[PDB]
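Below you will find one chain, with nothing else, as C-alpha cells; this is the form solved without its partner chain, and questions on how it binds or moves follow later.
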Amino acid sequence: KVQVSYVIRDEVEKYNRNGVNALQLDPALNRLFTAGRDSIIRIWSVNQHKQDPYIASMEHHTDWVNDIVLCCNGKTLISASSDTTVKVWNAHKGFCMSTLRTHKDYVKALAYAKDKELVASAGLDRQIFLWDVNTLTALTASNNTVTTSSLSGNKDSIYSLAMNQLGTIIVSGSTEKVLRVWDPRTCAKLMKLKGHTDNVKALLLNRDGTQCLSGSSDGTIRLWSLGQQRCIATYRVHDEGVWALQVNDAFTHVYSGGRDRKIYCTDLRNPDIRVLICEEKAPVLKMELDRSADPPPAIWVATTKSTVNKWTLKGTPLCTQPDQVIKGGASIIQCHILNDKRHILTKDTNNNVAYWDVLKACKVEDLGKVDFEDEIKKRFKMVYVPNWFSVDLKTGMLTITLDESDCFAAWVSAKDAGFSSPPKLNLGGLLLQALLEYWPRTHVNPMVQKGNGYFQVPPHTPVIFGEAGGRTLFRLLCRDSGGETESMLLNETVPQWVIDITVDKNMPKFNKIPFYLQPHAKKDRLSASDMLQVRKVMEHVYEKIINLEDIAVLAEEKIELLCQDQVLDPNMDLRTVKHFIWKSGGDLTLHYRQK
C-alpha cells in the first residue's frame, strides 16, 4: 500500500541534521564520509588546511544510514539504511548507481573483505547477503542481472557484522547474544561463540580471521580464538554498553566506545594498562582510526550529536578538546500541528522555535528561543480541520506523509486557507498536485492546468513513494518529474489513488455531518457539509420554522443557536461546533431560540 511523503528542507543541507552512524576515511584523497541519521551521506576534507571541510552530499536514502563501507581504493561506497535498501555509490563523484532491495527490514551493518572486494549486508530481518563489489559496480541498465548468496542461522535481529581482510571468515552479532561464524566462500556454518549476555553492536576480525573482538551492550569486550572456538579474554572497562570498536594493525590494542561516552585504548595482552582518551558529549556510535601511521595518530568519532570530532592520540583524560571539529546542524526534536492543520511549530536542539507551512512545504518564520508551549497557546485558534497528514522527525528534519485513508479528509474554504477569495479547497488534493506539478501526465484540461493554481512547493523538495512500514519504491525531487527516467518510474509507482486526483483531476468525496435540530426549552433530522456555518442553520430556522433587507441579517437578528447550552457564533462551522462544544455522544444536536 503506497504512501506519498516529502521533506521540508533547504536545497543544500551542508551539515548533518541528526547523529552520525558510521564513518569512512579515504587515505588517498584525505576524505571523510559520514553516514547520517538524517538519511544523508556527506564527504568531508580532513585537511586542517581548509576552513570549509564540506565537499558534497550523497542524497538517495529515505531513512537512517546505518552503515557505510569504502571499497576499491576509495572508488566505491556501499551504504545500508533503515529504508531497507543497500545502495552502491560512485564515491568520487558522489552519486547513487544501484539500489539493492533484497532486505526486508532495517539494514544495520556492512562488512568488507578488502582482498576479495567482497561485502556483506545484514539487518533486522535476520538476513545476510554477500556481494562481489566488482559485480555490483558492473551493473548497468542493460546488464541488469543480479544473483545472490546468503547465510542462514540467525535466530534474531542482526546488529553487527565483520569479515576478515582475506574473506575467509564472517561473523554476525545480534540480540541472540551468540556470535555466529561462517565461511563466506561456501556459506557453511563454522561455529557459535557464546559468552555475551546482551546485544553485540561491534565486531572486528584480525587479518587472517583467527581472532575476533566483540563489543557488547553487556558492557564487555571479548577476544575470541577461532581455532579454539572460545573466549580467551574479557575486558570490562566500560560502565554501559560498548557500541564501537577499532583496533590497530597489530591487533594488539583495542579502542572502545559506547553509551557511557568514554573512549578507551586498552592493551589486549595486559588489560590493566588502559588509557582514557576522552569523554565525548554524547553516546559513541562509531569510531574510525586515522591509519596514516602505525601507532595511529588520531581517531574520528561519531555520536548521537550532529557534530563529528577528531581526537588526537599522543600516549583523567588524555584529551579534553577535539583536535578537529566538523560542525553539525540542529535537529527538530519537538513538533506541534496547529488546529488549522496547515501550519506547524517546531523546537530544535538549539532551543530555537520556528513556524512552518506544511501546505507550501516551507518555513514561515524563525522565532528564536521563545517558550515553545507559550508560543503554541499564543497562536491557538478555535477551528477544526480534519487530520490529513502525519509528520515524523526521524531524520531530524520535517517529513510529511500522506496516506489514502485521510489525505483527502480536509476540505476548507479558500478564504480560511488564506488564498484569493474573489470556494472550497481540498488540502491534500492541492498538495498532491503541487508535488507532481512537473509531471507532464498531470498537465490535463478538464472540460490546461499545470499545478494546483494556488501554490507551489519548493522545486528542490524530495518526493517519496514508499510502502507503509518500510520500503521506499521511488524518490525524486519535485522539479525533476519531466525527465524521461522520472516519468517512466512515476507511471510505475504512483498509486491509483493519487492518479485519480493529479491526473484525472477528480474531486475527492465531500463529508457531511448529520445533526438534530430542535427547539430550546419537535426534533428534526438534517445533514449538511462539515464546513457549513452556523449562520445557514439560523437562516434555515428563520425561513422554514419560526417564520412569522438581507435574510442573513434578519436571521441573525431573530434566531439564536445553541449547542450544549452555549450560544453559537454564526461564523463557526458545524465541524468546529461538533469538535469543540458538542460534549455528548451520538449526533450533533443544535437548539434554536427566538432572541
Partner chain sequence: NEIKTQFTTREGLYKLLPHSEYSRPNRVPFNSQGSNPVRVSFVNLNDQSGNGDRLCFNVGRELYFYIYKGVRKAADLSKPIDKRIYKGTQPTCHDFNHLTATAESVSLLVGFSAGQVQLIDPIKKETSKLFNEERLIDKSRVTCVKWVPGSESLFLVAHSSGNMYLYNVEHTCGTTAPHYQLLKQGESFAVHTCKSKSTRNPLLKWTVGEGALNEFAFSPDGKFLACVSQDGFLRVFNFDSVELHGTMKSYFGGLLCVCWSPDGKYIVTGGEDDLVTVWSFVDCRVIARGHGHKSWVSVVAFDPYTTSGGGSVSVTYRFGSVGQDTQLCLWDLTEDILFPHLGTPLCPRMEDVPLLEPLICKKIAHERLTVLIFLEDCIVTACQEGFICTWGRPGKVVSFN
The other form holds:
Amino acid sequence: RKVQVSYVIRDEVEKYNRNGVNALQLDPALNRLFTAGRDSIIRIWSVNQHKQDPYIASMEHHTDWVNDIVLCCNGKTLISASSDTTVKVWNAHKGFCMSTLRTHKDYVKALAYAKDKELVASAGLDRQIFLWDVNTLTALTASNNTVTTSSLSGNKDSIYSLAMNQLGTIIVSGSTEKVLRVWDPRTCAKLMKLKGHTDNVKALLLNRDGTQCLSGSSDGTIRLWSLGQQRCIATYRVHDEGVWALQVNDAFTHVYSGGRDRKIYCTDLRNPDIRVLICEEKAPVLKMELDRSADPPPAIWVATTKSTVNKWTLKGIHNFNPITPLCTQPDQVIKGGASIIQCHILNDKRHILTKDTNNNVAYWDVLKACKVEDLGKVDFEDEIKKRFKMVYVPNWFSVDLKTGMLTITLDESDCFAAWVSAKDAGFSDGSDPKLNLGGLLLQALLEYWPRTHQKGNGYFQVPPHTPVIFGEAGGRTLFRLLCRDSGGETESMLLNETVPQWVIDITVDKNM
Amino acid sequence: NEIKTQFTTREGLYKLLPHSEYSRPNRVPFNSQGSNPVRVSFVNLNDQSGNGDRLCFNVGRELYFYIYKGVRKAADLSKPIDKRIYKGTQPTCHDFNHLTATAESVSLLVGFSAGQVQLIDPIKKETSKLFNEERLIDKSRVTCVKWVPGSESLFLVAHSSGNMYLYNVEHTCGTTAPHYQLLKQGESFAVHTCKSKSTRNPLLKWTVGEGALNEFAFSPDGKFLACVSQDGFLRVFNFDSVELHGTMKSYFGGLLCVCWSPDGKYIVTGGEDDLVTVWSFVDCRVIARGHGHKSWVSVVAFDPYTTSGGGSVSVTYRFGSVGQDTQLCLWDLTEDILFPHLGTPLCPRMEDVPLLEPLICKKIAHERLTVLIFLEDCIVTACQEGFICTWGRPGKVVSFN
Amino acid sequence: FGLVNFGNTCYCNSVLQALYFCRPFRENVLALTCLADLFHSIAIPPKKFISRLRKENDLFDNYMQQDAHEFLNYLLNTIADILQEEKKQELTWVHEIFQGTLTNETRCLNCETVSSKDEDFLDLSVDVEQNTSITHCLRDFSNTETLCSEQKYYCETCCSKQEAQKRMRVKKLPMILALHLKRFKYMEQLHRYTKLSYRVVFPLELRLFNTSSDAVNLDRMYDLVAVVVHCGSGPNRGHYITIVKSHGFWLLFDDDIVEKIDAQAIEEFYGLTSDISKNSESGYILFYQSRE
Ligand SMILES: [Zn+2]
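Having looked at the form solved without its partner chain, could you now put up the form solved in complex with its partner chain?
Complete assembly follows, chain above in first position.
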C-alpha cells in the first residue's frame, strides 16, 4: 500500500511500436490491423496497400506489456489484457479507453472470444479466469459502474493461454500446469482435464462446434484433442523449440504454427508429413493472425519480439525438415521504433546515457525529461567514461526499460535525497541555493494542476505530453494522466483522492 | 496423513464402503512387520443362493474364510465359516479352483513361506493333503500359486529359487529328493521332468531365469503363461508347447507383478522402478510406460467392466495398479497410445516410448497395498494391515426392486 | 576380516568397510596415507588411522557418536586436496571416481532462456519421505521451484520481471554414486532433532530419471555395491552397520563381526512403516557403481 509516482520520457505520438508485439487483431470490414505492443500502446494500422502510411491512431492507456487483445461487436469494441493487472474496454473505431477492470491480482496474460454471444474471458498469472459479457461492459457509466462477475475455479498454476469456441460452450485454459482444463462458460461446470503436454501451453484453438482442440506448447509439440473422447488424437512435432503461436483455417484441416525457433510451418492435420515452411522470421514468433478474406487464407500477419510487424502471402502454398522456405521477403512491412535496452545513470544523478536496439547511444536529462542529443553508433562503455563527472549525488529515482521507453519511478523512501546547488546544475542574480531535485520535479509534473498555484517552479518545465502515473509497488495502476491534462475538471477531482500525502506536501504546502 | 475414501472418474464417483470391510474379528491393525504379504482370493459357488461369493484371506499366521456380500453389509466377522491357525510356517498365497466348486465342496490350495502347499476344503473341513511337506522338492518360499485353467487336478507353484513346479492332487510326493530329466532348454530358462516309473508328484520343474519368480499369470484363454522374475525379465511362454514366446527387460530393478488384458492382447507389469509397463502380445514390444507411484508397484490388474474392445467406437482399456506407496492408480489405454500413427532394443529408451499419467492417484491405506481385484459391482483393495476394502462402483451401491 | 570397534568408532568402521569394497577405489589406493596402510593390512586395530583423525580434525576430537556422512564427505575431500597438492611437481583419481556434476538451471517462463550454474559433488544429499523409494526421492530432489507473484525473476532478455523456474539436474554422472539419505532432520523446536525412520526401498539395479538431456550417457545402469546401515532411535545414540557385496554372496559387517547373508534379507533395512520410532535399522548411505 505504498504509492509511487512515475513518468515516461518519450515523444508525443511514438506512432511506431517501441517494443515487440504480443497479439494481433484484424477488422476485415475496415481493413485495419490492431497491434498489442510490449510498449503498453495499442496501435491501429491499415492493411489496405493503396495507402503508404499505414498508421491511423494510437490507443494508449496501459502502463505495462499489453499481452492480448480481442475485437468484438463487428469491430466497434476492443478488449485488452496487460501486465498491469488490468483489463480495459476500448472504443476501437474512435480509439479511446472506456472502462478499466481491476479484478485480476497479477499479469493478465490472455483473452478468449466467443462471437455468437459476445462473451470475452480474461485470465493470467493470478490463476483466475473471469467471464465478461461485452454488451454489459460497453454500457458502463459513472453511476452504473459495477458489473456481475463470473469466475471459473480449477487451475493450480499460472495461466498463459485461453481460448473459447465460437458458440460460447467450450472454454480451455493452458497453463504452466501442463494439463489443459475445460469448462462450460454458461454453468461454469468443469468438463474435463486433458493430460499430455510436458511443459507450458501458450497457444490454444477450438473449432466452431467445440469438439476438437489445437494446443501449442513449450515442449515443442502440437496436440489435436478430441473433446468427445476426452483424449489426444494426434501429436505433431514440426518445431525444434517451444511452440508459442497457432492459427487454423476455416475447415480446421491445416494448422499454422510458430514459436521460438523462428520457423513458421503450415502442417496438414490429417497428414503431418506434408509440411510447408512458410518463412524463417528474424525473431521468435509470439502471435500470428490469418487473413480471412478468401476460401484459402491469402496471407498471414506475424508478430515477433521485434517492433516490426510483417505480412506473408501464401500464393504458391498448394503447389509445393523442409529446408526450402516459401517466402523470403514479406508482402507488407509495418515499421518499428527501436527499444532502449541499456541504461546508465551518471554520477550527477540527472543525466542518463542510453543505448537502443540500433546501437544508437543517446544523452538524456531526467530532471527536464528531455533528450539532449543523439550520438549515433559510438562505443557505449567509452562514452560513459568520457561523460564522467567528479561529483557525488545520492540515488533519488529508479529506471525501468520494460516498455522500451525510459520510465522513471519516484518512491517516498529516497525521492528527496537530492540536494544540488543551482549554479553548477545549469540554472541562474546568481544566488545559487541548494535545490531538491526530487521535490522540484514533483512540482513540474503537477505544474498545470490549479491546486499548485506561481506557475511551476520557474527553473524548468517538463514536456506537456509527459504521462504521469500514480500506482502501487509491484501493484495496480492507480491513476494515469498527461502533464497538461491536470487542469481538467474531473481529472483534478481524481488528483484530490489519488495523489498520496507526501506528494501533496511538496506541491501544495511547500514543505521542502 | 489421512487416507482417501473416494475418487472421481469419467464414469462417476467411486465411494469406499466401510460397512463392507473384511479383516480379523478383533479389527486391530495387523502389525506391518516384514513377514509375508496379505493376499485375497475369491470364488463363486454357482450363486445358487445369491450369496454364492466366498472370500479367503491370510493375515500373518491366521487364514479366514467368509461369505462375501460385495456392496451389501459384510458378513459377521465374529462368525467365520472356517478359520485356520498355522503355528509353523505362515501362509503367503492361495487360490481357489473355480471349476470343481459347489455348495458342498470347494478346492482351495494354500502356499507357505517354507515351500509347502496344502489342499483345503474350507466348507467341510474334511480333507487336508500336503505337498512338498518334507521340503525335498524345494526349500525356498513359494510366491504364486494357481490351478491350471480348465484342469481339475493340476496346479502350478512358483518359488523364490526361480523355479516352477507342476503338481497333481491325485499323485503323492516322494520320500526323497526327486531326480529330474531334461525336456527343453531355452534362452535363460529350462524345463525338466521327473524321471520316475511311479507317478511322482513333481510332474515337471520349470526353471525361469535368475532371481526369484515374483508372480505368474495365465492368459485369459489359458494357452500362454506370463512370468516375472527378480532379475527384471518378463518371460511369456506357450503353456502347451513349452517354449519362449517373448521377453522384456525392465528399465531397471526387477518386476514384481504381472497381469493380462481381458482379450489377452496386452500385458502390464509393475516393478522396482516405480513404473507400470504396457507390453503388446502380438507385436512383442513395449508400447507405453506409466509413472505415477512414489515407491515399488505391488499389484496390477485390468478392469474388464470398464473396457471397450472392438467397435464404430474406439478401442480403450482400463487397468489399475497399487504400490508399496499406499497409493492406488488408474490408467487409460487409448488408440493414440496403442496405435500411434541393459539392452535397449527389447528395453526401449524413455524417449522412444510413450509415458502415461494416471487418471487418479489416491492414498487409500496406511500400509503398503498388496491386493487389487476388479469385480462387477466394486473394486477390492487390501493393505499389509489386513483390511479388505470394498469400493462401490458408480450406480452399483444401491439396487431398487 | 573385520575392524576393531574401540567405542563410538562404528561410523568410522562402517564407511571404511563400505569404502573398501568399491573395487575401483580399493585399486588406486595402492599408491590420508594411514588409510592406505590399513587397506594393505587387510589385503585389525585401526589405531593408526583413528588417532590421526582426532588430531587432524577438531570436530572429531570428542568421544561421542557422530555422523557417517560428515566423516565420509570429509574423508574424500581431504584425500583429494593432498593428492592435488602433491601433484604440483587437475582431475585427480579421487574426483574421477566420485565427483559428479549437477547444474542449477534458471528458466524464464516468457522467453524460455536457460542459464546454468554447475555444482560439483561427491555425495548426493537427498531428502526422505515415508513409504517412498530412492528413485522418487531423486525426483523430489530435482523438483521445479517457481518464482512468481511478488517474487518474480528479472530477465535481462525481457527487460522485465517474469515468472521463472529453478531446477537442479545432474549434468555429469559419477563413476560411483553415493546417495546420502537425510534421515536426520531438524526437530523444528529447541529439542534435539529426531531420526526419520521412514521406509525407503532401494533396488539393486538403478537408473536415473532426473538427468539433463544435454549429456550422452545419462541413463547408464548402476549396481548396489555397499550400503551403510544405521541402528538406534536417535541422531547421536545409535550404531552403524554395513551390508556389502564382495562377490555374488552378500556380507554383513557389524563392527568386528563378519557374517554372510542372502540378498533378500536386505528388506529389513529399508525402514519402519508403522512409524513406532524403534531401532529403525535403516540404510543411511548408499553406494552405486556404474556397469561399464
Ligand atoms: Zn525472459
